[PDB]
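Just the one chain here, laid out as structure tokens, in the form deposited in one PDB entry.
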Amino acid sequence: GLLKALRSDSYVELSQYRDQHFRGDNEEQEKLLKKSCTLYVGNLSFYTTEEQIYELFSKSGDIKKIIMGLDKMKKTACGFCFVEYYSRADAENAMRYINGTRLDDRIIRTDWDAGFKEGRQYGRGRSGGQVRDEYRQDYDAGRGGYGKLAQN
């Protein structure tokens, strides 16, 4: 027998996000997310290396693959990535303890991903980078500068 309060594991719950280009139903997407060993990793610096992500994310377990998030046009790092673990348990621990901590002094944010396919490494915004980077007003040294509307 168990207590609900102790079974609580809120850092491992699904986020609001879904992949809009996902060939499938929503129930079919959630079914994959609940079994995934792959994490989307948000709010990275453009200058953060693959080798830094490996060092940090290795603290929750053994990493199978890191797929850097790239600008569709320029094919340079545009501030996200994917981290695939060999086991679910190691990915859960990343979501519990690496999620919301710092990498190159920025609070990174992790979410369950449905799985890598070709084309998913590329930013889906107009200008080539991430959608989040177009609309934003602020100045962010680590993400190019101003948002892509107010830049040019």
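Positions refer to the first chain, counted from 1. Throughout, rigid core stands for the largest set of C-alpha atoms superposing within 1.5 Å between the two forms. First, how it differs from the form deposited in another entry.
- Comparing the forms between the two forms on their rigid core, the Cα displacement of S15 reaches 2 Å or more.
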Contents of the next structure:
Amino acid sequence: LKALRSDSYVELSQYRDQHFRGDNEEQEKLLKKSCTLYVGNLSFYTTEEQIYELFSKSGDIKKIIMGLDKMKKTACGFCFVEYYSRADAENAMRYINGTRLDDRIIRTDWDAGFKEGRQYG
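Let me have the form deposited in another entry next, following on from the form deposited in one PDB entry.
Left out here are the partners and the other molecules; the chain alone remains.
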């Protein structure tokens, strides 16, 4: 009910004083009601099995879509993690974002949703 209500880590805007890549809530609407996080900067040899273990400590996962190369068709350096409810999603965003995976700092962000063709660099 005060300033302890704050959730800097789950805050949904990363207020980039930049021009246009998120201005209308026709999208934004989906962001704050999403359960799928965009995980970027993974190790080229990071496996699906590994991500599963890590992101499950913050709640049950639905599906992990490994990032591929539109050309070479292999680990491009990212992936998408869809949880079953926002609850678990916020946690991973609260406690997993910024931690290490395969000996490196992984940065996670909120994603409107996974569409086919989004797994190609």
